[PDB]
Amino acid sequence: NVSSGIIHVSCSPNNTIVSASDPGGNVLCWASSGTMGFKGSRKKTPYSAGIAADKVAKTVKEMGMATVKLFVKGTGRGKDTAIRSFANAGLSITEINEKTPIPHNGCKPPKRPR
Amino acid sequence: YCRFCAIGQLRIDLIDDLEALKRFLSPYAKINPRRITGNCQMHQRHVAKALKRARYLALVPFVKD
Amino acid sequence: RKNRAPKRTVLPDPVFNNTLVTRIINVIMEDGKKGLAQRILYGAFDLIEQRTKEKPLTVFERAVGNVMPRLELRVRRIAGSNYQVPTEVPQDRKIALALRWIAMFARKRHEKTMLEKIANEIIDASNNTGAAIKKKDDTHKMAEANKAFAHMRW
Amino acid sequence: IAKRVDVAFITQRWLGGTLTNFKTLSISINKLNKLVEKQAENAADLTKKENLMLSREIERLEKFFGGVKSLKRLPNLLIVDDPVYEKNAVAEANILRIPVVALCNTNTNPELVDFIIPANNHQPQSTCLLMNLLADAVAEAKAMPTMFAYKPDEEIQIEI
Amino acid sequence: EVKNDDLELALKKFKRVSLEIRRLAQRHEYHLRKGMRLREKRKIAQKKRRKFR
RNA sequence: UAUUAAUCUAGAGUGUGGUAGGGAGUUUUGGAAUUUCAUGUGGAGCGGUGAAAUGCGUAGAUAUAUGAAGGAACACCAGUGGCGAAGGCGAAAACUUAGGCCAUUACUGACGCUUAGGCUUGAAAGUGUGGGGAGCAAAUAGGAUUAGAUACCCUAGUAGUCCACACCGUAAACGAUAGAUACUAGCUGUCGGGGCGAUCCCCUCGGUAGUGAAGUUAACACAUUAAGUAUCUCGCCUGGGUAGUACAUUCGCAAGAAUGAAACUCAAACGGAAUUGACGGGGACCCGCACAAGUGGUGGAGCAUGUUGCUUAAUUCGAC
RNA sequence: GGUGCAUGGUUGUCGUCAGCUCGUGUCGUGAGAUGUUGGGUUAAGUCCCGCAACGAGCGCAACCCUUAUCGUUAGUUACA
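If you read the protein sequences in the order shown, they are chains A, B, C, D and E. So the UniProt record's numbering is basically just the index in the first sequence, starting at one, shifted up by 7. So the UniProt record's numbering is basically just the index in the second sequence, starting at one, shifted up by 39. So the UniProt record's numbering is basically just the index in the third sequence, starting at one, shifted up by 1. So the UniProt record's numbering is basically just the index in the fourth sequence, starting at one, shifted up by 98. So the UniProt record's numbering is basically just the index in the fifth sequence, starting at one, shifted up by 4.
A few of these clues could be false.
Unchecked claim - The list that follows gives simulated cross-link-like pairs (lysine-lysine, DSS-like), each with its CA atoms no further than 30 angstroms apart:
1. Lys-115/A - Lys-103/B
2. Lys-88/B - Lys-16/E
3. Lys-51/E - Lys-115/A
4. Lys-167/D - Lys-185/D
5. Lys-62/A - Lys-69/B
6. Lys-106/A - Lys-69/B
7. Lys-62/A - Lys-80/A
8. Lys-147/D - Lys-132/D
9. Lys-137/C - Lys-118/C
10. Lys-91/B - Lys-55/E
11. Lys-8/C - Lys-135/C
12. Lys-61/B - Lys-38/E
13. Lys-65/A - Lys-8/C
14. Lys-115/A - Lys-68/A
15. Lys-148/C - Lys-19/E
Quick caveat, the hints were computed from the structure, so don't treat them as lab data.
Given only the sequences and the hints, what does the whole structure look like? Please build it.
Structure follows, in structure tokens:
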């Protein structure tokens, strides 16, 4: 594939997804926490996100990529460790941007988990 | 570190002391609270209004640097 | 809450000149005697150079060096789905665990006179064929399997 | 003050009650003096651990009674270096009928001392002068040579 | 929130930024009220006036 | 005590000069971000809690990036806060703009304040009409821990939530603190005014807060804004369930609300605060073969021992 | 013979846990506090600094029995 591209990472309290994509929008590959034998509680841990990120970085290095753009969209605790995984997995980083769905104080969110 | 009672202009508006307004504005497009600015807070609340206007005027981004 | 206590290691077995030898003799202990497990170990060595020939001292030190584990797993639970967390242990408990493994896998078996079965057990544990090396490999491989729960350490 | 005029004084912890309650403290100081006298009379009659415990107890009693062990009678008058620093002293003096003399500070209260004197402890120029002159009052009362209270500017004892 | 310092130093500086965004945007998944919002604003004001002063 | 006349204002308030605030309502604009729509890609997951599950999904779901429509509210700014009749107000702006603040000597000249009557508002829900349901969510549907469970949670989804005429005119309407007048430290800290200086560290008087002197309170705790000091006035509590049930007045299309009982029973009221303990799916501290380890032993088996349910001519009783 | 729902005497139990307290006194209108708590130390409130505090008792330990180095009373039926 193209040497350039963007790696995107999204996180929800019980899900993580990471996708390597062309700069135009079309993806080249993607993985998630449920792709492995850690579905559920073990997939809310940074380990699942790190392994998924390493898997996508490795499979896009085989597909062809280099120093990548960083698009994080979400409010997960592993949104910083995923970038470290990208950096150490060969898909090194130079800059990082925010595509997060962070809302300026708005409308009703879902019910309260407690 | 006040920038409007110190300058003595005492006149706050959109564009006449923008750098003074930004003195309380972090590069992160976020304004420091009273416990950090530590000023008379007439000028700090004027900064609040002016820089929220600037965000509305797209001088500084909402969520960006 | 008790803390680090003065564990003591007795004088080595003065017929083979090794503390691990006397520890092994005192872990496979039957009826309480050391004149018993000493004969057991001597006959085991004799049958070792009889079948599966190897020098007792070198094979013993190699087994001691190899069968030692790497880490330990502490059980952690909060609400449900209990898991393990890695922890480090001094080598004394490692060689003690080796002692216990040898005693358990030797004292209990069919396949007649205990001399040859314990010789075979110690030889297999020595040449890296799985009798206690498999545990050492697993405990290393176990940490990377439940690392999602291993990371949750306080 | 003590080396200029011999007088009982308290320098260690003024205990929280040593004038309104001094009976069981009189017996305590008597036990201390008697034990010291016995130790002077004693010369290693027991095991050394018991001697270590004896010294242990002596020093335990000293670290609380080190100030209040020189007077065997309740004072008829006391001075104070700071009304808030000597809460126990002023409390036990107000339980009795003895007047209080203190070096009041602006953070203190002036409704607590029978003799309010605006003497600073943060600024030593007042407290040193007042201590010297309080010594000199009883010195000249006892017909001995007097050091200060007649000088326009006494010794500059400025604390760093 | 862009961070471009070095290959790894950029992420080292981005750690604090990510922490700030995570703590700021965490309040869009549970119940909240505007009066309680002013309440917690006063509470964090007291926290930073007592600890951070 | 009240009236008479006018100059004095000194509270009622008013003028000149300045003046902070997200006050309120109405109006104007905007998109960060989601959904629909457009481009795509992609392989096997997404959705999520306590573990998971309902549910979406190979027809392309989740994801991936922006853009038009849409509507919600507008990360920080946000103050030991301001404003505000409590009620409530945070993108920005405009109109009316209420009231906060002093320099207020000056000014009609006691005009004043409370105030049952009355007037208004009082959050939000919900709901009559017109919209969106993009997003949320009562009700609803499912999974799930409780012995079930409607209750924790998660997912979705109607009215509604959001807007305007609005209604219910009810609250945890909280400072749980009715207003107005005169006075009362210091200090801690946020703010306004005038004054004069670089801003904080300057003074004065006030708004909203606290420790705390005197003062007050049953103590906790108020304390310059009192629960103080005294005054003025209104309403209420003279026990709890009975008791918002009886009658009954009033508001409402709607969902529902304001005032308001008894017979009967208790010596009490989910009375209050402080006050000593242990527990906490609240912890700090201090330690123990209290826990891991092996040794073992028993629970697995045999007898040896004594008992227990049973059986006896007694199977002696208790230790449970 | 029974009622340990009278118990004694004797214990077990927490636990050999480091706690239980008390007299002098003061504050709180009151229950209550204080000294003991905290922090240092052998299991150890064996013990200490500190304070509305001062000391003192119980538990505990040093002290007692056994193991224990040398010497000492003395040597057989231990020894031999």
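Status of each hint after checking the structure:
| no. | hint | verdict |
| --- | --- | --- |
| 1 | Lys-115/A - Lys-103/B | holds (24 angstroms) |
| 2 | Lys-88/B - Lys-16/E | violated (33 angstroms) |
| 3 | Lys-51/E - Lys-115/A | holds (27 angstroms) |
| 4 | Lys-167/D - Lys-185/D | holds (19 angstroms) |
| 5 | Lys-62/A - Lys-69/B | violated (37 angstroms) |
| 6 | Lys-106/A - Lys-69/B | holds (18 angstroms) |
| 7 | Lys-62/A - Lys-80/A | holds (19 angstroms) |
| 8 | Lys-147/D - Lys-132/D | holds (20 angstroms) |
| 9 | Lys-137/C - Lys-118/C | holds (22 angstroms) |
| 10 | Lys-91/B - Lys-55/E | holds (28 angstroms) |
| 11 | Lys-8/C - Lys-135/C | holds (28 angstroms) |
| 12 | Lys-61/B - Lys-38/E | holds (28 angstroms) |
| 13 | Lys-65/A - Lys-8/C | violated (50 angstroms) |
| 14 | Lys-115/A - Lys-68/A | violated (41 angstroms) |
| 15 | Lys-148/C - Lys-19/E | holds (23 angstroms) |
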